[PDB]
Structure formats: structure tokens, C-alpha cells
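**Student:** Listed below are the residues making up each chain.
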Amino acid sequence: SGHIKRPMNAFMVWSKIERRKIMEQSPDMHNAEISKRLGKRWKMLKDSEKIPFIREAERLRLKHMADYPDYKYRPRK
Amino acid sequence: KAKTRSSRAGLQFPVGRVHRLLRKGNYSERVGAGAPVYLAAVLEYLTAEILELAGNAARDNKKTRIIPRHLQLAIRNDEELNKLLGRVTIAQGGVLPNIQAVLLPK
Amino acid sequence: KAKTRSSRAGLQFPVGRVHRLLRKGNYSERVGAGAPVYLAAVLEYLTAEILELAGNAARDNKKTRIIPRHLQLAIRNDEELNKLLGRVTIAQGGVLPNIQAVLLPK
Amino acid sequence: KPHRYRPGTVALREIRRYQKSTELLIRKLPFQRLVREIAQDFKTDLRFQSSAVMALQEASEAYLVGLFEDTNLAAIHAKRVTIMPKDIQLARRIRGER
Amino acid sequence: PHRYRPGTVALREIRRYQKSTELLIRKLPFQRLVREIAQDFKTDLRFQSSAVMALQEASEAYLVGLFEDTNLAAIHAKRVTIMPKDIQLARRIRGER
Amino acid sequence: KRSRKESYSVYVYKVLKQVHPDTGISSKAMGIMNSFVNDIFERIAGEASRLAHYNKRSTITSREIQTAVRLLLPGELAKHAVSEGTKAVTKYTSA
Amino acid sequence: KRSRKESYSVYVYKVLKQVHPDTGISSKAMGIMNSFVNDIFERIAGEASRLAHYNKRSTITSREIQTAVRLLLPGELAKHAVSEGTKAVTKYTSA
Amino acid sequence: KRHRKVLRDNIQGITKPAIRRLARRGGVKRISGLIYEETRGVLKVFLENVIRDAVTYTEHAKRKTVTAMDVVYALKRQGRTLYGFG
Amino acid sequence: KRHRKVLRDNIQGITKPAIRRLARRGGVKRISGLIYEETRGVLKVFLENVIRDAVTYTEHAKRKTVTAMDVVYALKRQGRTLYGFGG
DNA sequence: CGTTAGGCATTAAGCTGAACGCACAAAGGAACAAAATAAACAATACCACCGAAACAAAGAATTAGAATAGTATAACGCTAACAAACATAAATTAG
DNA sequence: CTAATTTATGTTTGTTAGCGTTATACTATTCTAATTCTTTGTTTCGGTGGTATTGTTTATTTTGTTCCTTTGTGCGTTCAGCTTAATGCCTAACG
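Going down the list, the sequences are from chains K, G, C, A, E, H, D, B and F.
The first sequence: position 64 = 109 (the entry's author numbering), numbered continuously.
The second sequence: position 55 = 67 (the entry's author numbering), numbered continuously.
The third sequence: position 12 = 24 (the entry's author numbering), numbered continuously.
The fourth sequence: position 5 = 41 (the entry's author numbering), numbered continuously.
The fifth sequence: position 19 = 56 (the entry's author numbering), numbered continuously.
The sixth sequence: position 89 = 115 (the entry's author numbering), numbered continuously.
The seventh sequence: position 69 = 95 (the entry's author numbering), numbered continuously.
The eighth sequence: position 72 = 87 (the entry's author numbering), numbered continuously.
The ninth sequence: position 54 = 69 (the entry's author numbering), numbered continuously.
Keep in mind the hints are simulated off the structure, nothing from the lab.
All C-beta atoms in this analysis are idealised placements derived from N, C-alpha and C, irrespective of residue type, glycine included.
One should not assume that every hint holds.
[Unchecked claim] Over the 10 Å line for every Cβ pair with chain B, so calculated as not near, a few chain G residues:
(1) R29
(2) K36
(3) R42
(4) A60
(5) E91
[Claimed, not checked] Per the computed footprint, the stretches of chain D lying under chain B, defined by three or more beta-carbons under 8 Å from a beta-carbon of chain B, are:
(6) 28–41
(7) 58–65
Use the sequences and the hints to build the structure in full.
**Tutor:** Right, dumping it as C-alpha cells:
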């Protein structure tokens with residue numbers, strides 16, 4: 046539709062792969078409770094376990110700035 | 013030669029008295045000099061709006077005096093003065109004469 | 013050794029803070045020394061009357077916390093606190109559960 | 037054979053002449069006696085200025101006339117013309133009185 | 038099939054929603070309505086989330102007060118329902134028209 | 027040698043002779059106009075005071091009066107009163 | 027190093043522990059009690075201010091507060107509050 | 016003989032064809048029979064509230080009589096402002 | 016069947032089940048179908064009043080946003096004080 | 001009673017860095033919501049009636065008005081003396 | 001976890017109760033005038049009950065439709081400390 050999506054951060058791709066993991070190991074679970082548990086586990090992770098995700102998010106940010114260098118956010122009504 | 017503050021603004025209400033009432037009325041510690049001029053302006057315009065409708069009511073009734081029946085008529089017949097004075101009742105004023113249409117015969 | 017004005021009256025609410033709020037609240041030029049003590053007394057008695065009925069409501073519901081549903085219940089069930097707080101509505105409070113007797117079946 | 041009007045026919049003329057006229061409809065002396073009877077129970081031996089009893093009579097007539105307007109609104113709403121005391125209690129209940 | 042009587046589910050919802058203290062208006066459409074009306078008075082008016090929550094809570098309180106007065110006026114006229122003439126009467130007697 | 031009642035009785039008559047030269051006024055209607063002037067003065071000054079308190083302003087200027095006029099007076103009365111007021115301060119500041 | 031919200035949150039809890047030791051309180055109910063304390067303070071101080079103005083008194087003493095309590099609070103709450111208040115000033119003056 | 020006295024049964028002094036005029040000012044076309052005692056009670060509780068407020072107003076001022084200004088303030092505190100007395 | 020979308024009409028978001036819930040809280044056994052549009056208009060004029068007062072509040076302070084205290088002060092003047100959102 | 005010329009001390013406009021607040025990326029059933037329908041019970045149209053309220057004339061009984069005298073009371077002015085704002089040193093407390 | 005916010009002491013000052021006096025409106029009394037409240041006998045009409053038609057709400061199931069709760073990032077808005085001109089209050093004088 047022409048809409049540029051926001052690039053994924055560390056927690057979104059982490060919760061994406063881990064929610065796909067939980068949905069392939071657990072049936073009959075509501076997704077709000079899944080995301081509550083995923084936020085809980087992400088806040089009990091140490092920072093030593095998160096550098097690949099934040100680095101990958103930084104790669105998406107440099108890909109985004111190299112893909113659109115004259116980009117500026119414009120909120121509309 | 014010096015000219016009064018009521019006619020400095022070109023008005024009738026005294027700027028000094030509304031200034032004194034704002035001071036001794038205990039609304040703030042200080043009060044701006046534009047405050048009594050603005051307040052006398054909106055006050056003078058407000059009683060001008062009352063007295064113009066009152067005079068049109070009294071001349072409409074073929075009377076030459078403003079009795080408070082004319083003030084009650086001029087206030088209750090209006091729309092945006094009725095919102096300003098909806099809770100206030102008027103001494104010796106009576107009501108706005110209006111009868112519900114189902115009470116009236118056909 | 014010096015003792016506080018809140019416990020000089022034998023109270024919990026601070027006399028100095030209500031004195032300061034009466035001063036900077038711009039209600040008069042001067043304020044009497046019995047005024048904040050009296051006002052802290054009636055205030056402390058008033059929230060004592062609220063919190064006692066709130067604790068009896070929460071203990072009546074077999075809960076151990078005061079949520080504002082208990083405050084709304086304690087205020088709306090009363091008679092002479094309902095006249096004090098009739099116009100005030102309560103955030104996240106709900107209503108007093110009462111159903112009209114003609115809606116109910118026989 | 038004397039001539040008789042119908043119920044309601046004289047009533048509209050009375051409604052019109054009382055809405056036009058601005059005087060007080062209850063006498064000043066029973067209102068003085070009732071106000072002095074009521075104000076015993078708060079403090080005995082009070083003197084009432086004539087202007088104070090007149091101001092109480094003005095506000096009293098205004099309050100009862102507004103309450104009877106709301107009573108007629110509620111009685112018209114329930115498809116009646118004869119107002120009833122439940123209409124008074126209803127119009128007091130909606131208004132925030134009780 | 039065993040369908041309930043008309044109103045018995047309504048009575049259970051009456052007791053359930055009166056025992057409940059939840060917000061009965063969804064937050065996103067009320068946010069859209071508030072930022073749709075308030076543009077007409079001034080443009081570029083963002084709202085704090087507490088402000089639109091307060092507006093939703095006060096409109097909830099004002100409407101349940103209007104509806105208990107409305108049901109009073111409707112019971113008074115020998116009616117279980119609510120017709121808009123009851124809302125008109127409850128707004129008129131309260132002195133809001 | 028009675029002390030004098032400080033009231034707005036002369037200026038209501040001045041406004042009346044400005045707007046309606048032929049019709050007279052009663053005394054009790056002049057008292058009603060005095061009470062109305064004092065009522066509206068209390069409303070506007072109370073809203074100006076609480077607005078200066080809500081913004082932690084120790085000075086009530088014409089902005090607070092203008093905002094209170096826009097708060098209380100409904101309909102076209104608000105903008106008419108604001109135009110009259112700004113005309114008055116432009117008159118008072120031009121002189 | 028934020029500036030602190032000046033509120034009545036501790037003293038409502040002190041009164042609650044005086045009157046009900048076992049039950050706890052929420053945070054939003056503590057905010058409701060803070061708003062209620064400020065509302066009743068505005069009501070009583072506004073009536074005390076206008077009573078001191080109606081009698082041309084420049085000083086609000088305990089008499090104006092007592093009269094305003096008898097004005098606002100209905101029923102037995104009035105005389106209970108007055109007895110509590112006079113107990114408080116007799117305590118404050120005896121010490 | 017004696018200035019001191021006591022009053023009783025003054026609510027009948029506001030009579031039924033004097034209630035009917037207050038009703039027919041407000042637009043009422045028909046008035047039932049049981050309206051009168053209820054309206055007298057409504058008047059009684061309204062006068063009791065406003066008179067108690069006026070009595071507290073005049074007793075704060077160390078006074079013995081009831082002016083009209085205190086009745087005006089008592090009606091102001093109930094939210095029914097009276098115009099015409101100052 | 017198929018979903019229907021209407022441009023603008025901000026009042027309409029206040030859905031029909033979310034008004035039936037508001038009336039069930041008020042203790043109403045039956046609601047006719049002509050109530051929802053009238054209640055929408057009532058809520059619209061109520062929010063128009065409170066929003067206009069809060070807009071004048073935040074415009075007097077030259078603030079582009081509408082805080083919660085402005086809505087409290089706007090509701091206080093109509094005789095409906097909010098508890099809980101700060102004084 | 002109302003207005004006007006110079007200090008001065010308080011106060012709002014001006015400015016910038018910083019901290020707040022809000023939207024939004026995926027998810028993916030949950031929770032909600034619109035729509036179509038059976039029918040069941042509520043609103044309503046109509047009719048009878050009967051006792052309840054309006055209308056009327058008479059008289060009674062009450063209020064209005066006025067002169068007047070006492071008279072508690074309230075509203076004026078001096079005066080003391082008392083209570084509260086203000087300048088300046090602890091302390092506890094609390095977010 | 002230590003700045004900050006209430007508390008105490010003496011000084012000035014400006015408010016207020018006590019006192020005197022007096023005016024002034026309030027209360028009571030007794031007359032006439034008038035006017036209006038209450039009684040009693042019509043009379044007629046609206047509230048209320050009872051039944052029948054109808055019209056429309058509710059409860060439900062199906063199928064879309066949205067929402068919700070989670071953290072980091074971007075951007076716009078507000079706010080607080082510091083600068084600085086604006087201004088209003090006080091005094092003395094005048095009319």
C-alpha cells in the first residue's frame with residue numbers, strides 16, 4: 046500500500062522467534078499472556094545475552110538509513 | 013488638565029471603583045491595570061445588552077418605565093442571556109408567559 | 013525539647029501545612045491560630061469517617077485492600093456523607109448496586 | 037337558569053392572568069407567622085425585618101413555581117394533566133434534591 | 038434449544054455490570070472521538086492519556102447518571118423500556134436544555 | 027451625615043440615558059441592576075482568581091479576565107464582550 | 027532530583043493505621059483521598075473567606091471555620107466535627 | 016402582657032386556594048387533592064434549610080435580628096441567587 | 016456480512032454494545048433502538064462543553080497539549096468534580 | 001469620591017537543555033462487534049367509569065392600612081489590648 | 001539520607017471587643033376597610049383498570065474485526081533555571 050513499516054528492534058524479532066517457539070511447543074495459550082511472559086523473560090535476561098539482537102537491530106538501522114538517506118518522519122491526520 | 017479613567021476608555025462605569033473592588037475583594041495580591049478597564053468594558057456592555065432589551069420590551073408594552081417584569085421578560089426571552097442567568101430568579105418579576113400546547117384546547 | 017503542632021493538638025494532619033495553604037490560598041489577609049488546628053481536626057475526623065467505613069466495606073467483602081469501589085460503596089451507602097459528596101463522582105468507582113423493584117420479576 | 041363554565045375553561049384564563057401579573061400570591065402575614073414559627077427552633081427570640089420576610093417570600097414563590105413547572109412537565113410526560121404527589125417527588129428526585 | 042427468557046440475561050448483565058467497576062468504553066474509539074471533536078475548537082491538540090481516560094470516566098459517570106434518571110422517568114410513566122422522550126425529560130428537569 | 031451606600035446606581039442610569047433617552051427606571055429595578063453588576067463582578071473576578079492560582083500567577087492581568095469572559099459568557103456574548111474589552115484597552119493605551 | 031509532589035498521602039495512611047491496622051490501601055484510592063481532602067479544604071476555606079468578607083473581618087479565626095462546618099456538613103457530622111475541633115483547640119491551648 | 020410567646024400550626028396559614036395560585040402561575044391546569052400537604056412539607060424543608068443558614072449567618076455576626084442580606088446569602092449558598100436586595 | 020467503513024463521523028465510534036453496557040450499569044432492563052443516536056448526541060454536546068473549557072484553559076497557559084488537570088478544572092465548573100486525577 | 005507623577009520590588013516574557021509523553025514495530029488467538037433471525041413480551045389504542053376536582057355564591061374571618069408609643073436593637077464613633085504577621089534560629093522527615 | 005520544612009521567640013501593628021449613645025426600625029395595640037378563605041351544593045371530566053393488536057427488543061450464532069500486552073527508538077512538548085524588561089503598588093499632591 047506504499048506504507049513504509051518501522052524496522053524491527055531487538056525485542057520484536059526476539060519475541061517473534063520465541064513466540065513462534067512457544068506456539069510450536071504449547072497449544073491453547075492466549076497471546077496476551079504470551080507477550081506478558083515474553084516481556085517478563087526479556088527483562089530477566091542479562092545484557093550479556095542481548096548483544097546479537099541489538100547489533101542486528103543496528104544493522105537494520107544502518108540498512109534503513111542507507112536505503113533512505115533523505116528520510117524524515119512526518120505524522121499526518 | 014486631566015481626564016478620568018472611565019472616559020479614558022470612553023466608558024461610564026468607574027475604573028477606580030472596580031479597581032478598588034478587585035483589590036479589597038481579595039482575589040490576588042496584585043492586579044493588572046488592564047484588568048479594571050477590561051472588566052468595566054464587559055460590565056458596561058452587559059448592562060447595555062440588558063437595558064436595550066428592557067427598553068424594547070417596555071416600549072413594546074406601550075409603557076415608559078422599566079419595571080422588573082420587563083427585566084424578567086428580556087432575560088427569559090433571550091437565549092444566551094438565559095444561560096447566564098438561568099439559576100437566578102428575579103424579585104417581583106413573574107414568569108415568562110408560555111403555556112404547554114397539550115393543555116390548550118383544539 | 014519541642015513538640016510538633018500536629019501532636020500538640022494530638023492529631024496526624026500537619027497544622028503548618030494547612031496554615032501555609034490558608035495563607036497562600038488567598039482567603040483573607042490574616043488568619044487566626046485556631047483556624048488551622050480546627051481545620052486539621054475536622055479534616056482528620058472526616059477522613060477518619062471515610063476510612064473507617066472503607067475498612068468495614070473491604071473487610072465485609074473479604075478483601076484486604078481499599079480499592080475505590082470500596083470508597084464509592086462507603087460514600088453512596090451513607091446518608092450524611094452522600095449529601096456532602098452528591099455531585100462528586102469517583103474514578104474507577106462504579107455505582108451503588110441497586111435495581112428498581114418493578115424491573116425485577118415476581 | 038344561571039350560566040356555568042366548564043372545568044378547565046376558567047383555568048386557562050387564570051393561568052394567563054397569573055403569568056402576566058407579578059405580585060405575590062400568598063399573604064404576607066401568614067408567611068410572617070410561619071417564618072417566625074420555624075425560626076424558633078434554631079434560636080428563640082429573633083426579630084425578622086420586613087424586607088427579610090419579603091425576600092423569603094419572593095424566593096419561596098420562585099422555588100414553588102419552578103417546582104410546579106417541573107411537576108407539570110413530569111405529569112405531561114406520563115400523559116396526565118392532573119399532577120400528583122409522585123410527580124413532585126420525581127421532579128425533586130431528578131433535580132438533585134433528594 | 039433452550040433460549041433464555043427476554044430480560045433474564047439482561048438482569049444477569051445488570052447485576053454483573055453493577056458489581057463490576059470496569060470501563061465500558063473502548064479506549065481507542067474514545068480517543069478518536071475526542072481528537073475528532075477537539076480539532077474544531079483548535080488544531081494541533083494532542084492529549085495526555087490520563088486526560089482522555091478522565092474524559093471517558095466522566096462521560097461514563099454522566100451517562101449512568103442520565104440513565105438512572107431516565108429509567109426513573111420511564112418507570113414513572115409505567116414503562117420498562119427507555120424512549121428518547123425520557124432522556125429529553127431527564128435533561129429538561131435537571132436544567133440542561 | 028449617615029454613611030453612604032457605595033453602589034453602582036448612577037452609572038446604570040448613565041448607560042440607560044446613553045442607550046434609551048425616553049424611558050425612565052424604577053428604584054427597585056436600579057437595585058436589581060446593582061445586584062446584577064455585583065453578581066457578574068464576583069463571577070468574573072472569582073474565575074480570574076482561580077485561573078491565576080492554577081497557573082501560579084500572582085498578578086491578574088487582562089488575559090485572565092479575557093479567558094474568564096470566554097469561560098462564563100455563552101454564545102456571541104463572549105466575542106462581543108472581548109471585542110468591547112480590547113477596544114477599551116486599546117483606547118486606554120492609545121491615550 | 028525531580029521536584030516532589032506536595033500531597034496528603036502519608037497522613038491518610040497514618041489515620042488508616044490508627045483506625046484499621048489490618049487492611050491495606052491502593053495507590054489510586056490514596057489519590058482519591060488526596061483529592062477529597064483538597065476538595066473539602068477548598069469548600070471550608072471558601073466559606074470561611076466569604077464569611078469574613080460578609081462581616082468585614084480581615085482575620086479568619088476558628089469561629090468562621092466552626093460556622094462554615096455548621097454550614098456545609100449536614101446532620102450529626104456537623105456537631106461531631108465541632109466537638110472534635112473544640113477538643114483540638116482546647117488541646118492546643120492547654121499545652 | 017408578656018413579650019415572650021410560642022407559635023404552632025402555622026403551616027395551615029398557607030392555604031389551599033393560595034397554593035392553587037402558585038400552581039397556576041407555573042402552568043398547572045389541574046391540581047389533585049393530596050398535593051397540598053406534600054407541597055407544605057416541601058416548603059417546610061426548604062424554609063428550614065434556608066432559615067437555618069440565615070440564622071447561622073446572623074449568629075456569626077453577634078446579632079439578634081435577621082436581615083434580608085443574610086437571607087440572600089443563604090439562598091446564594093443553596094445555588095438559588097436572589098436579585099433585588101443588594 | 017461484509018465490514019462497512021464510514022469516513023469521519025467521530026461520534027459513531029461509541030458503539031452500540033458499549034452504550035448497552037452503559038445503560039446496564041445504570042440499571043436499565045430494556046433499551047429501544049432510538050436511544051443510541053440520542054445518547055451519542057448527548058455525549059457529543061457534553062464533550063463539546065468540557066473540551067471547549069479545557070481548550071481555553073490550556074490556551075490561556077499557551078500549552079499545545081491537554082493535561083488531566085485541565086479536564087478536572089473544566090468538569091469542576093459544571094458541578095461534576097472528578098476525584099482521583101489530582102488537585 | 002477619583003486621578004495623577006516617580007521609585008522599587010515583584011513578576012511575566014525570553015531562552016535553552018533536558019526530561020516526558022506518545023506512537024509504533026510483530027503476534028495471533030481473545031475479546032469484541034456487526035448482522036441476520038425467532039419470537040416473545042412490552043408499548044400502545046381504545047373503552048368505561050366514577051369519584052375527584054373544578055365552579056359558584058355567601059359569609060366569615062382574616063389581612064391590609066394607619067396612627068402611635070415603647071422599645072430592643074443596631075449602627076454610629078473612641079479606646080485598649082490582644083492577637084497575628086514578620087525576622088530569625090532548630091529538627092525531623094521524607095520523598 | 002541529608003536538605004527542607006515546620007516550630008519557637010520577640011516585635012510591631014492593625015483588628016477587634018467593650019463601652020456609650022442614639023436612632024431606628026421592630027413589635028404590639030386598636031380601629032375601619034376590604035378581600036379572600038372556607039362551606040356547601042352542583043357538574044363534568046380525567047386517572048385508572050382491562051383487553052387486544054402490533055411492533056420491535058432480546059438472545060443467539062456466524063463471521064469478520066480488532067486488541068493487547070510486551071521494550072526500544074524517534075520526535076515533538078513541556079518545564080525549570082537563569083536574564084531581563086514590564087509593571088503595579090506605595091506615597092504625596094491635586095482636583
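**Student:** Confirm or reject each hint.
**Tutor:** Structure-based check of each hint:
1. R29: 16 Å, holds
2. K36: Holds: least Cβ distance 17 Å, greater than 10 Å.
3. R42: 28 Å, holds
4. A60: 18 Å, holds
5. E91: 20 Å, holds
6. 28–41: violated (count 0)
7. 58–65: It is violated: at least three residues are needed, and the stretch 58–65 of chain D offers just 0 whose Cβ sits closer than 8 Å to chain B.
Comparing the model with each earlier hint shows violations of hints 6, 7; every other hint is respected.
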